[PDB]
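**Q** Please take these sequences and the hints and turn them into a complete structure.
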Amino acid sequence: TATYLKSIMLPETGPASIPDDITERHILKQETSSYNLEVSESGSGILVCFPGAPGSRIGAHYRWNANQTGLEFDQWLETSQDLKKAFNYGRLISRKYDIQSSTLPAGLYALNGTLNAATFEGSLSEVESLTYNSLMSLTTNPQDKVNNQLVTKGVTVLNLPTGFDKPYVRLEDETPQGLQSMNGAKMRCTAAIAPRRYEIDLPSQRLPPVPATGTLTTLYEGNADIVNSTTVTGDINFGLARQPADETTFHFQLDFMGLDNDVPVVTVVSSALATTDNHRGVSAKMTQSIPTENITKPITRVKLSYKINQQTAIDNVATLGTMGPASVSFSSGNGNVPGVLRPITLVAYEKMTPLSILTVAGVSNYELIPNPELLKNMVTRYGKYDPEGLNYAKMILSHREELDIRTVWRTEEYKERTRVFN
Amino acid sequence: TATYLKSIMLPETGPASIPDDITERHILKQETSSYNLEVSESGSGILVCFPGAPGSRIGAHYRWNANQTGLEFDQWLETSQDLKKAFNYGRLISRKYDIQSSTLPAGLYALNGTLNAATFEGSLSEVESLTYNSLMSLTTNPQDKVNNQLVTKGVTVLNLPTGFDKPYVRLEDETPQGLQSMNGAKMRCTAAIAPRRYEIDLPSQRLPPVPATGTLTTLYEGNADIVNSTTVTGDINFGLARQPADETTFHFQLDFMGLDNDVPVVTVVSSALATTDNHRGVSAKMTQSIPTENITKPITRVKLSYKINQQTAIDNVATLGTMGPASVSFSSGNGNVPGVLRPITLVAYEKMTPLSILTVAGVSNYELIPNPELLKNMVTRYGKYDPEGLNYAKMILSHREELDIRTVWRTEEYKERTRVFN
Amino acid sequence: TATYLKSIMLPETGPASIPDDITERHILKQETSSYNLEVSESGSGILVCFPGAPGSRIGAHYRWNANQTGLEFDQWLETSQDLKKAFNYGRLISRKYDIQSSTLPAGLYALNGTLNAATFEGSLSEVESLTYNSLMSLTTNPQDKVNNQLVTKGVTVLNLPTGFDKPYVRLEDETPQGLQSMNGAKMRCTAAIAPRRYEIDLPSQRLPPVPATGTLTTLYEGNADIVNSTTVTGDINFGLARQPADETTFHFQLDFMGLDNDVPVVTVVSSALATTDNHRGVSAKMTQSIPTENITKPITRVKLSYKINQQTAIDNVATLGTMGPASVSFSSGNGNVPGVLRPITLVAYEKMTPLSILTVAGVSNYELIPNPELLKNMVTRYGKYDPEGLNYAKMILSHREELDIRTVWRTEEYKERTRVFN
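Residue numbers (the entry's author numbering), protein chains in the order written: chain M, 7 to 428; chain L, 7 to 428; chain J, 7 to 428.
Hints in this document: simulated from the structure, not taken from any laboratory.
Please note that the accuracy of each hint is not assured.
Claimed, not checked - Restraint ranges, calculated between C-beta atoms of paired labels, are given here:
#1 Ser135(J) / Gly287(M): 32 to 42 Å
#2 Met193(J) / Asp252(L): 40 to 50 Å
#3 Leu117(J) / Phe170(M): 48 to 58 Å
For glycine and all other residues, C-beta sits at the position ideal for the given N, C-alpha and C.
**A** And the structure:
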């Protein structure tokens with residue numbers, strides 16, 4: 007009794023099964039993350055955490071350049087064992103990040119730095135600026151913010167459950183194959199359990215004119231979100247005013263960008279040869295698939311754009327929508343499952359001593375189903391049946407105000423407030 | 007009981023409605039700033055505090071250059087949430103500043119300290135000279151000055167009210183627009199409730215002769231401060247001595263400059279084509295309006311110039327004021343509201359280690375009125391009716407000397423002196 | 007004792023002097039007005055109440071067109087006597103509206119028609135939907151709304167004061183003159199006590215190209231709010247990309263439009279003739295002042311547009327801002343006095359019998375300052391000094407919820423829930 011609640015407050019005490027209605031034959035597997043991060047010249051950076059993602063990517067790390075004019079993606083914060091190689095399905099039970107610096111290099115005198123932390127129901131694209139002080143303008147819950155904590159005392163980032171009946175999402179595992187493939191090919195069983203769909207919804211107006219051939223005029227530039235595989239569906243139909251004297255190609259790019267810099271994480275291309283025959287029903291169809299191994303860093307922006315390859319076609323207005331409602335969409339994995347992409351927790355350290363080390367210790371419990379290769383030797387079973395235990399997590403997630411149960415803590419406060427949970 | 011007063015002395019325990027005779031329906035907000043300012047080469051600098059301003063800019067920061075002769079504007083000190091996006095009207099309640107180093111020494115004997123602070127009573131532009139020594143010669147009040155404080159002990163700039171019936175100031179919000187707008191044309195509803203007018207008032211004598219065509223000789227150069235949208239009204243009228251041989255343009259400038267250096271924060275222009283038929287009634291109407299988003303850094307230095315564009319009309323006298331006073335004006339915002347543009351609080355650190363860090367942690371409480379959007383879901387209501395209320399605030403301010411109620415503290419004293427107000 | 011509060015709850019009981027800090031010599035007044043509105047074929051219409059406007063114009067009346075695609079302006083609602091003929095300065099104390107049918111059925115089954123009313127805490131320009139069901143979402147307060155009231159029983163719009171120390175406002179009286187004017191001229195002292203300023207702030211990119219000579223391309227258009235006199239101070243300065251082959255005129259319009267249809271309530275034109283010399287910088291200044299008598303119906307939208315008069319100038323890119331910010335602002339009356347333009351009160355009747363009658367029964371109470379010709383015969387005195395006076399009204403406005411004091415009532419509930427007020 008009370009064993010699952012203990013695992014939420016004390017993630018680093020071993021995993022206990024989730025006493026909910028989704029009941030499979032599984033195994034409990036506590037994983038850990040260990041990171042010593044080198045602050046850049048500025049020493050400021052920003053640490054994006056996904057305390058609910060049930061996979062192996064628990065966050066990201068971004069650095070400000072010399073001044074704070076821009077950010078740079080350092081690397082993903084992954085967990086030790088790559089779970090996609092030994093497992094198929096996974097349900098995150100609990101997690102706990104932990105940030106601190108607390109020490110200086112060989113010979114140095116000044117230790118300076120502090121942290122800002124804020125839990126945020128959102129998708130890292132609902133954010134407008136991640137500067138050290140704009141983080142406090144992300145929530146008004148006094149239980150989701152921690153401001154001005156010295157890196158000497160650090161921040162605990164607990165995870166609180168966003169619902170109790172999440173599914174066993176797939177882990178993007180690889181599948182068998184025969185000795186006939188292309189040597190540069192594989193097939194994964196990606197996630198699709200609860201997708202997330204975006205629609206660009208171009209209007210039925212004229213195409214904006216191009217300055218010259220091949221200069222890639224812009225059509226839409228907004229904030230999206232992608233962390234894993236994605237399927238693009240849609241077509242950009244248009245009709246030329248007059249028929250072209252020379253065949254034109256009408257490139258359409260739609261590239262993706264992360265929050266830091268304007269280098270396409272993944273770029274796509276669709277073409278549409280406008281000839282005299284179809285010169286009212288020219289259509290370019292976005293039907294591509296983007297595997298999650300092309301997602302090197304998180305994506306937050308999308309820029310749809312186009313260029314034309316014929317000088318004689320800078321005129322020839324080419325209005326939209328002649329064959330239908332001229333839209334482009336992309337659905338992506340299990341976006342809307344309420345652990346992935348939402349809610350983010352942000353931890354920004356500020357002007358730490360250059361050449362110092364920020365230490366991150368993550369501990370993420372799990373409920374996993376082994377893959378075929380592991381099933382032969384592993385013994386999977388059901389949960390241990392506490393009839394209550396899900397009530398406690400409810401009647402405590404309801405009193406997080408008067409019981410003061412946070413999602414970001416000051417580590418000293420957390421080390422001694424959670425002792426009543428043994 | 008006594009809940010407004012405690013919010014003034016302890017502007018971190020939360021907000022509290024002003025028990026004055028301005029009783030609109032409002033929202034009780036509290037807002038934090040958190041800045042970690044890096045000390046430059048010289049290490050001296052100076053940070054300005056507007057402890058009454060009801061907007062989002064609650065301060066500024068300057069850095070003394072190498073030989074400590076000029077300054078350099080670093081950045082504004084704004085609150086976390088840009089209030090001009092969710093609210094329309096707002097009045098300040100309390101405000102607090104903390105200033106420390108937060109740098110930790112690897113061992114005994116902390117680094118270079120030296121913090122000064124004094125609460126001016128005029129506007130920033132009126133300060134004769136702001137150096138580390140020249141701050142105690144700024145008021146005669148023993149409670150408005152703190153001198154020779156170690157930058158690790160810290161000062162605490164408080165806000166003591168300068169009036170109790172202040173109008174809800176319009177927060178320069180954005181208004182809904184239409185699809186045919188230009189590309190980025192945005193109309194705002196600026197602040198106008200009690201402007202602050204300046205009158206250039208140049209006399210009816212000769213214009214100072216120009217050395218060579220296009221040289222911008224000076225007419226007036228003075229000291230006026232501006233923080234938000236301003237509107238320039240006036241006309242420079244003058245009459246020439248004879249018929250000009252070829253037509254001249256008479257370019258006038260009226261540019262605005264900040265405290266630190268001589269790059270114009272914003273400029274305007276009014277030309278006046280002097281010609282044969284009006285060689286007695288040339289006039290240059292000044293009608294421009296300056297948005298607040300052109301006011302990048304604080305403006306505290308004006309300069310009015312002019313120049314000719316024709317070689318032959320240099321020995322043409324062109325006496326001024328032949329059709330009236332020949333003066334230029336620029337009213338601005340609501341500069342005469344008590345709390346805006348005065349009282350200023352200057353805090354100067356100096357000879358601080360170029361490897362040290364300055365931390366500013368502001369706290370602000372407001373009464374605000376939501377915009378129509380936030381007004382559908384938020385519940386605005388009236389104050390909580392403390393009858394006595396403001397009388398306590400008045401008795402305390404009157405006896406502030408025999409109670410030693412300061413506007414700038416030694417942070418070690420603000421903690422133990424201001425806890426009588428539990 | 008408690009005489010002032012009673013004047014707000016029960017305005018149909020005579021005025022009482024406001025026991026606030028503003029204390030001048032005045033005459034109390036009770037003014038009435040009665041309107042029998044004709045319900046058009048749509049039967050729906052909309053009633054805009056300014057429950058706090060201290061002048062003599064106390065509302066407007068818009069009726070939906072036949073197919074309810076839009077609405078149209080019928081007439082101002084205003085007090086019986088034109089106050090600006092006998093008095094100079096005025097100050098509202100109380101106001102009550104009564105909306106009812108005044109058409110009665112010969113027998114059972116009371117007539118068609120239903121009535122929504124909500125108190126919006128904004129200006130009229132800040133309402134996007136004026137339809138019947140999309141105005142229960144203008145507030146969340148259960149005391150500022152009433153839905154689905156039978157038009158035969160009606161609603162009582164009752165003014166609650168948004169602030170107390172409100173100044174006397176100039177009532178736009180006409181000044182004496184001499185028999186030397188031009189048979190139409192007249193000067194009047196307008197309201198300027200607390201302006202409301204809007205600024206259009208064009209950005210410094212290219213001017214949008216004109217389709218043809220004199221075709222009035224559009225720069226900006228959004229929701230402004232204007233009810234009385236207005237000063238227009240601005241400057242639009244651009245620069246052509248080369249010498250124009252012939253003189254161009256560059257018309258600018260800036261038309262103000264009612265919320266109903268796109269006919270200009272008033273328009274104010276500037277024009278800048280660009281020639282060979284000033285082509286690099288040429289400005290069109292806005293210096294218009296709109297007398298309050300050109301505001302026939304309320305103004306809710308503005309529109310900055312321009313056109314050119316030369317065929318050769320559809321080229322000549324003509325970028326903006328070469329001589330400063332290129333902004334046009336307009337400051338209007340005492341817009342930011344709480345009571346003018348805010349709060350508003352909307353009352354929509356739905357589907358009354360076409361050609362039926364609807365009656366508004368307004369009663370105002372003023373503190374007035376007469377014009378000279380009435381000083382010589384009318385004693386002016388001070389308020390009669392109730393000390394408590396305002397504290398009682400404040401306590402009532404604070405316990406507004408648990409005491410259920412409403413802005414809009416069901417007339418039958420107001421009629422008996424304000425009886426304890428004697």
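**Q** Taking the Cβ atom of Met193(J) and the Cβ atom of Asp252(L), is their distance within the range 40 to 50 Å?
**A** The hinted range 40 to 50 Å holds for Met193(J) and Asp252(L), with Cβ atoms some 43 Å apart.
**Q** Holds or violated: 32 to 42 Å for the Cβ distance of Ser135(J) and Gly287(M)?
**A** Taking Cβ atoms as reference, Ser135(J) and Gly287(M) lie about 38 Å apart, which means the hint holds.
**Q** Range hint 48 to 58 Å: satisfied by the CB atoms of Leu117(J) and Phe170(M)?
**A** Holds, at about 55 Å.
Hint violations for this structure: none, all hints satisfied.
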